[PDB]
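Consider the single chain below, provided in structure tokens and representing the form solved without the partner chain.
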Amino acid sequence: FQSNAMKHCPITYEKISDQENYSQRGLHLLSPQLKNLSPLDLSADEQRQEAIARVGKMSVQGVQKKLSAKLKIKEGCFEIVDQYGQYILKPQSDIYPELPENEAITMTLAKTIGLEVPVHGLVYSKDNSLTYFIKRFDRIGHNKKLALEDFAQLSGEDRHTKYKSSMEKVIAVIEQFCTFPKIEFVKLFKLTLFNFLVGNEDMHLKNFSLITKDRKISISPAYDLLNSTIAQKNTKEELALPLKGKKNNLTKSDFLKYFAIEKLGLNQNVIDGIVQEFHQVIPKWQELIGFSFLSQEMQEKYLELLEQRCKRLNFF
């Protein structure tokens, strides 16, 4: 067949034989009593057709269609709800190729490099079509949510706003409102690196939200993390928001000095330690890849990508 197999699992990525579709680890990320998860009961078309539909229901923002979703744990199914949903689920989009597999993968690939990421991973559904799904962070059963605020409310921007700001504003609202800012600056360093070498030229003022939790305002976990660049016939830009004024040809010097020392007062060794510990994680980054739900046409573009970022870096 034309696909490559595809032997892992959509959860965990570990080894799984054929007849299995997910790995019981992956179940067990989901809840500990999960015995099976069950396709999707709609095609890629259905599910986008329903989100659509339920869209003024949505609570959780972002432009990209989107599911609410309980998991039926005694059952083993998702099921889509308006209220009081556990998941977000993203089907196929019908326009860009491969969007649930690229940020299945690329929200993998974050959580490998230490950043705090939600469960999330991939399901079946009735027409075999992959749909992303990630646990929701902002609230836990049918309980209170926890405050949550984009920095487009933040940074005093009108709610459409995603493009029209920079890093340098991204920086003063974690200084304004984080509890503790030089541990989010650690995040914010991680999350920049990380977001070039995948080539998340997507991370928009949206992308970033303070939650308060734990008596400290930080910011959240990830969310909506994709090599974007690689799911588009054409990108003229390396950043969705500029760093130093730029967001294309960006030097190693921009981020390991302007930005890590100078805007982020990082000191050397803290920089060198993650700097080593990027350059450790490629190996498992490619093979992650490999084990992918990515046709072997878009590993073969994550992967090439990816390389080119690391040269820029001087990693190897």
The other form holds:
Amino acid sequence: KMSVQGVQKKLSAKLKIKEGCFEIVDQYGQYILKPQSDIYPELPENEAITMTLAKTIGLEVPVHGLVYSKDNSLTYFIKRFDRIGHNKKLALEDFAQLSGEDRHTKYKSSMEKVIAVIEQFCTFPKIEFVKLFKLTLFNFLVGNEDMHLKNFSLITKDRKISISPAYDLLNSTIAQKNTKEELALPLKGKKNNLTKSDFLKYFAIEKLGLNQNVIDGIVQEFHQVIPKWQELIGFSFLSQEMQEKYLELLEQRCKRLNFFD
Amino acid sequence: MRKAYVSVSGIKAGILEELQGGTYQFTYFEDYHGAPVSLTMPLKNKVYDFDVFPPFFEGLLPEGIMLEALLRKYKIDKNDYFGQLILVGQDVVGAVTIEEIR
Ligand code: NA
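We have the form solved without the partner chain; now please give the form solved in complex with the partner chain.
Up next: the whole complex, starting with the chain shown before.
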């Protein structure tokens, strides 16, 4: 499909420690910089606020932010989690690599197959299932319709294999005009018109094996975070027009899961 | 034809070798007893065969606009996956690096 993230650059960069600024490099960097796209609007500000919303609901999110590039526009940065200390690296593999797909077939999978990758490779699958549930609800609520196989990764850190910290989380729905789907990979065979029972019963109980108390607690976390999400969006660097689109989609997705009833 | 050293955190782990017929082979080193190149390629087995370019190594290549930047910079065929991996192999995602044999 036409992906919003395909038309944006990912530039390697070093943090000049003595100043508070980044130097773009071709190789051997510790940060990624994502400047404006000429194809889709406000992707850096969109990514910066979305990654902050994820952090507010308790997902694992690395250092990220915005900086000014030469042309006065804003550029997003993320601190790489496969780079640590002095020239040390952590193993990191995306789910296309782990399931035998490639860049051309990275949408040719399902949430059920994503679960199976976690069960096969993660040290504590049941713990990562809780994380995947929160992540999938989050992506539905903020309009991230581009969670294909290369946007899930497993990290090896401290001799534990788990789902990596967040990367590339973006409200891609409001960024593009004729959005085709809600989920990049189908769940119960569905990529559009997902319902509360798809997520809370089929996904959370039948496929992830979560207990009803755990499900209920996570849903309550999302209910509780909506006022703070609304506030954070209002204070973001998105334009007023893009803030309104972000808030309107969030409200629609919240209403679809009966948050306000 | 073309072979390449595959290393993990700087330690040589094995050889990615291209065979005739578009097939590929990865072979671990006896001396290597560290973390696997990929979770799909445990040290338990020392040889791995592929009828196409192996998805683990294909997954290190750039995409989208950054692939077009790579093909703007280098005289390389659009589908020479192994050659592109050699070009970017000094620094890719994760702990693995790829260096061509001669
Ligand atoms: Na509009």
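Residue numbers count along the first chain shown, from 1. Superpose the two forms; the largest set of C-alphas matching within 1.5 Å is the rigid core.
Per-residue Cα shift between these two forms after core alignment stays below 2 Å for all of 124, 96, 177, 84 except 84.
Comparing the forms between these two forms on their rigid core, the Cα displacement of residue 290 stays under 2 Å.
Relative to the superposed rigid core, the position of the CA of residue 64 differs between these two forms by 2 Å or more. Put the two forms on the same core and the Cα of residue 245 is off by less than 2 Å between these two forms.
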